[PDB]
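Visitor: One letter stands for each residue in the lines below.
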Amino acid sequence: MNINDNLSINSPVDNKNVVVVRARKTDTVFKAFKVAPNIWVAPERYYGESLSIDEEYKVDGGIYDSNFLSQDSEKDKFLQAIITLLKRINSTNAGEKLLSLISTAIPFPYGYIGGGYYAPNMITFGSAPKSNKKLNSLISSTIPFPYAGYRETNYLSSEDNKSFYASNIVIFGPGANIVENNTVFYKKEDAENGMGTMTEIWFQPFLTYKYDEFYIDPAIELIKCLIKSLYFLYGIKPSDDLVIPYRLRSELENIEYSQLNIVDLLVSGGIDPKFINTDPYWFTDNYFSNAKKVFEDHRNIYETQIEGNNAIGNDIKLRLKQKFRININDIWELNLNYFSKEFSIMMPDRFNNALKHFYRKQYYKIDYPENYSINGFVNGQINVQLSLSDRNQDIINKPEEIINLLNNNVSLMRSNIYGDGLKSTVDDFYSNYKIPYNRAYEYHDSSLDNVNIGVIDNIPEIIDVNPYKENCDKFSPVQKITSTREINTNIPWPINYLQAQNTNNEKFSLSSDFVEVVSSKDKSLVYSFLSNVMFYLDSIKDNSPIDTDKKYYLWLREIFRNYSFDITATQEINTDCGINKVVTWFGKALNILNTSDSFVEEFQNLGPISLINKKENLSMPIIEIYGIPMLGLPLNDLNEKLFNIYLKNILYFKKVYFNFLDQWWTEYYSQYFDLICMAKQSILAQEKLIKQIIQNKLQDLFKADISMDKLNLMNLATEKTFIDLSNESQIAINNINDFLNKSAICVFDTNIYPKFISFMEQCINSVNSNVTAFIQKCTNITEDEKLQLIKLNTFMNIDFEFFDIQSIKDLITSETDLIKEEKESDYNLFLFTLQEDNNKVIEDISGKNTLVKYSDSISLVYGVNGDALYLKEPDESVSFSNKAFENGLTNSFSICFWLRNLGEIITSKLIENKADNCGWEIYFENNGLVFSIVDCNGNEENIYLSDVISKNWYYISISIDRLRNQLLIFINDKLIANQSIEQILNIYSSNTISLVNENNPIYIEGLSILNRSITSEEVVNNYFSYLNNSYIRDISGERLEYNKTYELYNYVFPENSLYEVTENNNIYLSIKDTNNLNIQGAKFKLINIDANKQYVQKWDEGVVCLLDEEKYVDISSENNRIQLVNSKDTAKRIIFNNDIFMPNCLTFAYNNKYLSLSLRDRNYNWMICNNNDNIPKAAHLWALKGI
Amino acid sequence: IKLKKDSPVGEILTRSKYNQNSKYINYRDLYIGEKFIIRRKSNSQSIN
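These protein sequence lines map, in sequence, to chains B and A.
Mapping of the first sequence onto the entry's author numbering: residues 1 to 407, 409 to 445, 451 to 635, 638 to 912, 914 to 1116, 1118 to 1197, in sequence order.
Heads up, the second sequence is in the entry's author numbering, so the first residue is 1111 and it goes up one at a time.
It is possible that part of the hints are untrue.
As the list claims (entries may be wrong) - Per label pair, the in silico range of CB-to-CB distance:
no., chain 1, residue 1, chain 2, residue 2, range
1, A, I1148, B, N439, 22 to 30 Å
2, A, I1142, B, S8, 53 to 61 Å
3, A, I1142, B, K317, 48 to 56 Å
Claimed, not checked - The list that follows gives simulated cross-link-like pairs (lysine-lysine, PhoX-like), each with its CA atoms no further than 20 Å apart:
no., chain 1, residue 1, chain 2, residue 2
4, B, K649, B, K210
5, B, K1102, A, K1151
6, A, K1133, B, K656
7, A, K1133, B, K1107
8, B, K557, B, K699
9, B, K341, B, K587
10, B, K58, B, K649
11, B, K649, B, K688
12, B, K662, A, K1133
13, B, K828, B, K856
14, A, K1151, B, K649
15, B, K210, B, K31
16, B, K817, B, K587
17, B, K848, B, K891
18, B, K828, B, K817
Keep in mind that the hints were calculated from the coordinates and are not lab data.
Backbone N, C-alpha and C fix where the C-beta goes; we use that ideal spot for every residue, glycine too.
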């Protein structure tokens, strides 16, 4: 497979790759370009739909422009965009396999004109000349007369009707509606009989919309269209009447169900297809059986008549061989969820086929040379910088309902509600569906495996095509008219509340009285539920005007703090399904349970079912429990029969459970998802209101006597605060999502499962009675045998209880959710250092791709738990670049790293991000560090952190939380400072932070920058988990190693070094007395069985060597003290370990007994093998200091 | 993993599945492939 990327609209008509063909049998012709075998691209708009559509027939959400794709430049841009999308798809294995399958999956060819697919007739040609003796009449060549006689139905005809070109797919531009991707067939009859037919695709790659917080990649839409076309190619299109319920139209005051075709659900992916397509299958139709039977028939025909024939080209034969290599189940199991995981593309996953009703789309223009590459969106799917399209003003809006809120009878407000646009059905579908018993009574990322790309690439192209005379029937445009109702009411609907939060005036004002807002003639009020923000605004009202940048900074900080506190407010309550984090403000917005008192109070004294306005929508499905048929048999054989019946009944009881689950999803979860969509629309409205307020205030300030530099700084601070507010709003959205999803699940648990249990409880009796009757009707069995069998083949309640709360949670989780979880990070910089093989790599792995510039002079050593930057040479610098490092006014962050200073203690800078005065700094000063933070208004805050003496490992963790105006600084695992930074304004400094040595060699390890404040528990956990690495360390913190000279200290006495003392012609280790505290301490050495080993590990067994005669440690058997013997043979084998919470101190063990000190004995404290419990447990912890 | 017939490398094969009698049970064999073993490198710590 190779996509031809060397074509342009100006390419000559060569009749081989660029052609001018006819549109079906009409009088129009169009130009087509072949970018791959049997795949063509036609940039011009689709010929079928008429460009001029009467306003009555225009559909909701559509964009109509008859001048689009009329000029050649637009056509060339469209063609290049299609080629780029195809290249992006083919860049991945899944896309290559899909495209190869599309190319090879030609429609089945019709038989010879006479009929059959077996063999052609024969002919003879070339009679030899009359020889001297023999006439030689019969000496001639033999030919298959109708070679390649197979009639084909996939061909485009030239304008002259004298040439035909093979084609399976033809990608056109959009039809009458600019934004409507569609896939249509060539012949309806051939798309359902299993023969197949060519497909035509309408695609619009220049427009996309934003869902949630990401943009939609058109490649996914193209893949969806291609998958839908695959059905047409294989001729397995189901009847248009095979629809299924998709969503309950809650907004209507009637029982109406929206319906979706099976193909659309199976192809579109998402979470909807997961409730259908279960094991066992609860939904079934004759379509699947007919398709499988026809596919098997065609495969048999190919295998018994096509392969043997030697009078037909391989262009068709080899393609058909690969076409039937795959199975129909593979196609049915192929959906967008697989490509989303393969391509790591986010897409809508809930009711993605009915998004028109949930929220209105805003379209953005895509420049393909620039915004989209073979690797997807430039700068990612989230950070791509696109521009809102100018066609958004031409979007058609035909509401399905027009709510006219009144009051006595004066219309205060008028809101519009839009439909899904899918086919509807008033008749109940669940109540009239029979879960079948004698069908699907078994079966209680591998779909495209059978495709072989290389073989497809080896296929010769089709040159000569024998055309089928009638392969095109006609095109039937679909005309639709959208209705519009008027539902008058006096109780405001949620949509009215949502619309009350939008405005056009730039000098509006927040208000909390909905009636006051709507009754406003001036239209100067906007409804908002932000209590704290409005209260603060009213507090400052009638105060001194804002003139100084200091006042503006304080005002903006307070506004941001109040907005975040209000939006993220939650209250935890105890529900049966654990604990739920309810949203306090969900009542004031959307006008739900807003009658009085706290919303949480009503939500607790009333089930979560109360949120939705349409309850009790269940319907009992039809049940067909066939009775056991009869001939006698022995207990040995009858037992297997009864066991099989038991299993079949269990499976049927699931088929029903699954049906009830699908009912819950379609009728109950739809309302909760609608509530989610309405709630996240309010958050964006409030964010827009706050941003407009801030912009208005900044504009007012700009008309003041202030320097340009300060104004630019204020503008940058506002820009950063906008990102901060966006982050807060996203947190609120996540909280809303989690809360409402949990509410829906617990609604299923507490409101539907009991009814399912009740219904089956009335059905298990029938099965039990039938089984008992059948058992009693059998003669060849003992009475005790019958009683035992009845006791075995009877169903209790617990026999049909399938509820699994975790399975439901994993059922409403889409690939998009997994991708978001994977892509969610709290680190703006997470250093990763590797030495490799003379190829040292230092880089950020948090995903923010910080530019790191380091000199080659740096080195890497194993500091604590990995490679650590080692700055030794003077004037060594390391710089990290990132926009987020600019900080600002309202943003909380934290630095965390491990430091070791090998120098002394003059002042010396270590890390800084200062720009003249603004920023933060760290530097050694005296025998400790100093942390300095300074704003652009002169306010400073310098803290001195003592006890940072050299030759020790320290764990620095600094946190700045601007929500509480709290500064936390930890060293090791202790809290040193808890100062307040309420007077610290904008610290906008720079995009790069420099790390320098300045004549002091240093190890720096595990540098990390977090975009949030940290807690003491987090610091303690990280500090103690980092050091849990199976290595024993000296008091300094460096790895303990064998053969190194050390000094031994006891944790209880951290200033006394043990020394040898001779007593009773024996040498024991004791502690220096208070008076004689000047004697030089004894020096030790650790030996090991494997002398090659250097670095000590936990549980290691070794021998302690003490230095003239090379003494060794032995344990006296008379007094239990530790003595010294001049022989390694008699020395004991000590085991080394350490405590997790005392990282730098180790423990000796022998025979599972810890060595420890002893109580005072006439100015001595011996080293002993203790067993008494009267010695404190801290006395058996030792420390080794480098000597 | 199965040791290669000729090359000194381990080829990767696909695990077997239960296909004996019942459609109600399905699992993949585990006691297949080369039998691996972990040997102490230095034998420094106690062998107990």
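Visitor: Please test the hint of 22 to 30 Å on the beta carbon pair from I1148/A and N439/B.
Guide: The hinted range 22 to 30 Å is violated for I1148/A and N439/B, with Cβ atoms some 54 Å apart.
Visitor: Would you mind confirming whether the straight-line C-alpha gap from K1133/A to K1107/B stays at or under 20 Å?
Guide: Outside the cut-off at roughly 51 Å; violated.
Visitor: Could you check the hint for me, namely that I1142/A and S8/B are 53 to 61 Å apart, CB to CB?
Guide: Check passed, 57 Å falls within 53 to 61 Å.
Visitor: Would the pair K1102/B and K1151/A pass a check requiring their Cα atoms to be no farther apart than 20 Å?
Guide: holds, 11 Å
Visitor: Between the alpha carbons of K848/B and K891/B, is the straight-line distance 20 Å or under?
Guide: Distance ~26 Å between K848/B and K891/B Cα, so the pair is violated.
Visitor: Keeping to a limit of 20 Å between CA atoms, is the pair of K1151/A and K649/B held or broken?
Guide: violated, 58 Å
Visitor: Keeping to a limit of 20 Å between CA atoms, is the pair of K210/B and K31/B held or broken?
Guide: Violated, because 33 Å separates the two Cα atoms, which is more than 20 Å.
Visitor: Does the alpha-carbon distance linking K557/B and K699/B stay inside the 20 Å limit?
Guide: holds, 18 Å
Visitor: Take a quick look at whether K649/B and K210/B sit within 20 Å of each other, Cα to Cα.
Guide: violated, 57 Å
Visitor: Hey, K828/B versus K856/B, does the alpha-carbon distance stay inside 20 Å?
Guide: The given pair, whose Cα atoms are some 15 Å apart, holds under the 20 Å limit.
Visitor: Does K688/B lie within 20 Å of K649/B when you go C-alpha to C-alpha?
Guide: Since the Cα atoms of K649/B and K688/B sit roughly 56 Å apart, the hinted pair is violated (cutoff 20 Å).
Visitor: Starting from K817/B, check that the Cα of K587/B is at most 20 Å away, please.
Guide: Holds, at about 17 Å.
In the structure shown, a violation is registered for the earlier hints numbered 1, 3, 4, 7, 9, 10, 11, 14, 15 and 17, in ascending order.
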